[PDB]
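Here we start with a single chain on its own, the form deposited in one PDB entry, put down as structure tokens.
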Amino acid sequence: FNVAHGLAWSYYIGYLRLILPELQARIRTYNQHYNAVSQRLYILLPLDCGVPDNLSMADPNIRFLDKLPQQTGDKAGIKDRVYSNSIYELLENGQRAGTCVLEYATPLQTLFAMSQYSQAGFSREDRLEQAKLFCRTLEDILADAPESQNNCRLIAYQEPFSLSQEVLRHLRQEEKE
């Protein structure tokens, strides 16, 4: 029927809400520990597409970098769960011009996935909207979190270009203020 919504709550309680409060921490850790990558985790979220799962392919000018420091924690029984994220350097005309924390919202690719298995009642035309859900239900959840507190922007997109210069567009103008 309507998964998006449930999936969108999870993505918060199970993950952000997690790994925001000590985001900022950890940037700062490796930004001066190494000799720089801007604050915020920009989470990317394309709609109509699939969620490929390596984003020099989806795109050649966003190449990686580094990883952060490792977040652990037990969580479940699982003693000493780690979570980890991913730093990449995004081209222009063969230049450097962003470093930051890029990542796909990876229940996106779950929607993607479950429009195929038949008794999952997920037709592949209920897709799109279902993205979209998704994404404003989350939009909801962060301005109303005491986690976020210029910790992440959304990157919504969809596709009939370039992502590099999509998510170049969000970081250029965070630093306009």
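Numbering follows the first chain given and starts at 1. Superpose the two forms; the largest set of C-alphas matching within 1.5 Å is the rigid core. What changes on going to the form deposited in another entry:
- Of the residues 113, 145, 128, 120, just one CA atom moves 2 angstroms or more between the two forms under rigid-core superposition; it belongs to 120.
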Contents of the next structure:
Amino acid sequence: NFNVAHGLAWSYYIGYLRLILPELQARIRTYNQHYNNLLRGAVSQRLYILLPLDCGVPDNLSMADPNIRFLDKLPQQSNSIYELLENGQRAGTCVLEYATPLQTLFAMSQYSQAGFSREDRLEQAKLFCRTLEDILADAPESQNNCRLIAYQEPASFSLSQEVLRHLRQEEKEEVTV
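Condition change, the form deposited in one PDB entry to the form deposited in another entry:
Below you will find a single chain and nothing else.
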């Protein structure tokens, strides 16, 4: 009984993703048309959503990994395009952001009146990802312009490598079928 993640996932979809995802692919499409000659290649058309299961969302992506560098702004019709580095070389680019409702789960774990433990938090974080994936599976503003990147960090970790893996898998899918 009592899972905050249910409502967090539904509200993130209804009050956010549903609104920005269609036309997100249109600002990336437009961007690619306009700027492909400056851009060595293209930006993935999907929004990449980081879901760290520890619920740790920093104010700047590069703080989590120096191999993730801000590249440019996606013009409106806030979203930033990031470059992913391997040995100082650009290995990929994409629109990246953390799933904001994970900050609620973290804030709750530090709020004592909630009776919400770090153990509860991890469990609700996983539940958030599961519920959100289910929602996006049947949504018209499809999964197809959105990808969930859920990861549990150990106790060294490369977030950029984690993202690069999804990018490379996505391109494989695109060209195989």
